[PDB]
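Step one of this worksheet: look at the structure below.
And then subunit A:
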Amino acid sequence: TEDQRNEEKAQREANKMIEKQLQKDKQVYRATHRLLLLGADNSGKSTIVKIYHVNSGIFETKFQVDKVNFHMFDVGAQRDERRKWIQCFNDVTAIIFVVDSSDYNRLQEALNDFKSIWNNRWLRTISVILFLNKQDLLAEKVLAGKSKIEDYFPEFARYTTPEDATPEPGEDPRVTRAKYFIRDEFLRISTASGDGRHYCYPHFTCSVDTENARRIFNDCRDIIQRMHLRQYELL
Partner candidate 1 sequence: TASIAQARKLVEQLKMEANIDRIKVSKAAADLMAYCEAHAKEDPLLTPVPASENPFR
Partner candidate 2 sequence: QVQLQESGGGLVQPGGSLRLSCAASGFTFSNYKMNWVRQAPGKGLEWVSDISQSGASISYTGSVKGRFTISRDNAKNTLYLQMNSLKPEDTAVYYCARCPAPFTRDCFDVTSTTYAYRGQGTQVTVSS
């Protein structure tokens, strides 16, 4: 069995070469944080972050914040039914959810999309970074008065601005009253489930807003840190 004896050694030597390559790939894989980009077509999710690549039917966006690599994936070439391929993103660092705040007609659909993603059995442990995009359009729509939010959401009639709200200087009280109403609609779903395994990070962003990359970095830092406190309790 001398001929067969060296055959096993050759196969075992090739195994070590593969293992060395896997360790090099493991370092890159865990040094990159993967994000799932979601939202409807009217939302400006494609322009949230100010290296962009299109691989097959998936729009890949790679950016670096404080020497940390983020790889954000957008899925474009799929059917409207997404209850199966959404399971492929069960191990992402966070989900980026973008909502058109000024679009009152489709605002309820965005809530239903958020509710299903939040309550999905394979997404129960993934935090969501919520970007309430197009705030400038929301301000103009409220100031104009042509469209009333209470027409679409009756709860807005008896809603009061939270005491913890921090409106920007020189902002109409009506605008920030409605700006935080839409945020609380998504936080009502967020705080009604999860059992502490994941949280939602609401943000107010506009079309001209170059700080969205920084906001994702800060939120994912808190997501990872909370993840470490849970899975590294016994060192």
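The rule we apply is simple: contacts are C-beta pairs under 8 Å (C-beta built on N, C-alpha and C of every residue); 3 or more make two chains touch, one makes a residue touch a chain; residues count from 1.
The candidate set was assembled so that all candidates are chains of the complex that A comes from, given by their letters.
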Of 1 or 2, the one touching subunit A somewhere in this complex: 2
Subunit A residues touching candidate 2 - in the complex, by the definition given at the top: 79-83, 86, 108-109, 112, 115-121, 151-155, 193
